[PDB]
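Participant: Next come the chains, spelled out residue by residue.
Protein chains: 2
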Amino acid sequence: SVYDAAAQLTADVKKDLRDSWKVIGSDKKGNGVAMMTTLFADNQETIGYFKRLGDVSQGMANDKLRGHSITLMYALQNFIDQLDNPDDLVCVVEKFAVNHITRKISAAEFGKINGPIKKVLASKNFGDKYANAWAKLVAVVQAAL
Amino acid sequence: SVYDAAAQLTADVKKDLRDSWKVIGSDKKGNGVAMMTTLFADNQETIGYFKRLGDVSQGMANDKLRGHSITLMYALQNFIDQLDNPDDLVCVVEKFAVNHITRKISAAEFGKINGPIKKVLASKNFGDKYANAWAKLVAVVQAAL
Ligand code: HEM
Ligand code: HEM
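In order, the protein sequences belong to chains A and B. Numbering-wise, UniProt numbering puts 61 at position 60 of the first sequence, and it's gapless, one number per residue. Numbering-wise, UniProt numbering puts 129 at position 128 of the second sequence, and it's gapless, one number per residue.
Calculated directly from the structure, the hints in this document are not laboratory data. For every residue, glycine included, the Cβ atom is placed at its ideal position computed from N, Cα and C. Careful, some of the hints might be misleading.
What the hints assert, rightly or not - To spell it out: a stretch of chain B is covered by chain A in this simulated footprint if at least three of its residues, at any positions, have a beta carbon under 8 Å from a beta carbon of chain A; those stretches are: (1) 31 to 41; (2) 80 to 92; (3) 95 to 102.
Stated by the list, open to error - Just a few of them, taken from the derived set where beta-carbon distance is under 8 Å, the chain A residues facing chain B: (4) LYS16; (5) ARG19; (6) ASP64; (7) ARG67; (8) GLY68; (9) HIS69; (10) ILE71; (11) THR72; (12) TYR75; (13) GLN78; (14) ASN79; (15) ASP89; (16) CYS92; (17) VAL93; (18) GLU95; (19) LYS96.
Given only the sequences and the hints, what does the whole structure look like? Please build it.
Facilitator: Encoded structure:
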């Protein structure tokens with residue numbers, strides 16, 4: 002359940018999440034777009050869910066894609082800010098899940114974001130240790146889907 | 002259309018928005034909830050859109066309402082962060098409007114948030130000068146609805 006998954010965010014996992022976000026969250030626009038383009042490149046099958054975005058291969062030049070990518074980063078900002086309080090983290094994660102559940106995005110589908118996150122981390126000198134910390138955060142959302 | 006509304010965000014308006022947000026955005030949970038509860042108190046009819054939240058009379062204690070309130074503040078955080086780049090502000094505002102348009106929330110209905118905002122600002126001692134600034138930011142969103 003989401004409550005059991007939130008309990009997996011141990012002291013050091015939270016610390017690694019903050020230290021890495023300090024860098025990644027510094028450029029929401031650039032890293033947000035990189036994340037999305039990587040998702041569409043490594044998992045072309047997910048492009049179907051983003052029909053409204055138009056030609057996703059335009060990247061930064063696509064206004065809708067840029068708007069979505071920036072916004073996506075503020076959801077992560079939200080999660081990071083709620084790390085101190087499990088109760089708040091959970092209610093924010095369930096809230097976040099509503100629209101994704103409506104879109105029929107399953108836990109397995111959502112989990113495909115892990116690859117893109119790991120690659121963006123690596124591009125900024127953050128290794129497996131951090132990719133795994135983020136996989137744990139993503140797992141909290143998966144538990145809500 | 003949204004670009005024209007964004008044009009009303011002058012240097013002075015952006016300055017007042019950033020200064021007031023520095024305080025209001027420092028307690029997203031507290032002010033976020035204050036904003037929704039005030040909305041429901043002053044315009045009870047708006048509750049019709051939030052049936053999913055359940056017993057909104059519980060206020061802060063209501064996990065779903067708390068979750069929504071905290072999340073609402075990150076949309077404003079997003080807007081405030083894009084103030085110096087009209088192109089990014091616009092794409093973020095249009096991305097934001099999509100779900101609200103789907104909910105059939107008109108510009109007139111959305112404008113009901115102005116009262117609650119003015120009251121929340123006043124509770125932190127930010128006068129009319131600041132309320133007007135915020136009314137202008139809301140107007141940018143209204144232009145997208
Ligand atoms: C780190 C993971 C992710 C984050 C933080 C994230 C964040 C967001 C946010 C903030 C929104 C806007 C609010 C909403 O409509 O719910 C959104 C929309 C959306 N998300 Fe997610 N999302 C993530 C991963 C995914 C994945 C993996 C998929 C699908 C495979 C997905 C599909 C969608 C779709 C289709 C939209 C609507 C886009 C549009 O039409 O503008 N999301 N997401
Ligand atoms: C400054 C004003 C507002 C901000 C920043 C704001 C922000 C948000 C955000 C970030 C979401 C989550 C993403 C989404 O589903 O679109 C949302 C959801 C929602 N908003 Fe807005 N909103 C505002 C005003 C309003 C108003 C005035 C109404 C209606 C009278 C409205 C009705 C809704 C509803 C019904 C939801 C879904 C709630 C749920 O079931 O969880 N919003 N809004």
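Participant: Against this structure, judge whether each hint is valid.
Facilitator: These are the hints, each one checked on the structure:
no.: 1; hint: 31 to 41; verdict: violated (count 0)
no.: 2; hint: 80 to 92; verdict: holds (count 6)
no.: 3; hint: 95 to 102; verdict: holds (count 5)
no.: 4; hint: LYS16; verdict: violated, 22 Å
no.: 5; hint: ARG19; verdict: violated, 17 Å
no.: 6; hint: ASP64; verdict: holds, 5 Å
no.: 7; hint: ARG67; verdict: holds, 5 Å
no.: 8; hint: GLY68; verdict: holds, 3 Å
no.: 9; hint: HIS69; verdict: holds, 6 Å
no.: 10; hint: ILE71; verdict: holds, 6 Å
no.: 11; hint: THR72; verdict: holds, 5 Å
no.: 12; hint: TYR75; verdict: holds, 5 Å
no.: 13; hint: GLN78; verdict: holds, 6 Å
no.: 14; hint: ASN79; verdict: holds, 5 Å
no.: 15; hint: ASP89; verdict: holds, 7 Å
no.: 16; hint: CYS92; verdict: holds, 3 Å
no.: 17; hint: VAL93; verdict: holds, 5 Å
no.: 18; hint: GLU95; verdict: holds, 6 Å
no.: 19; hint: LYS96; verdict: holds, 4 Å
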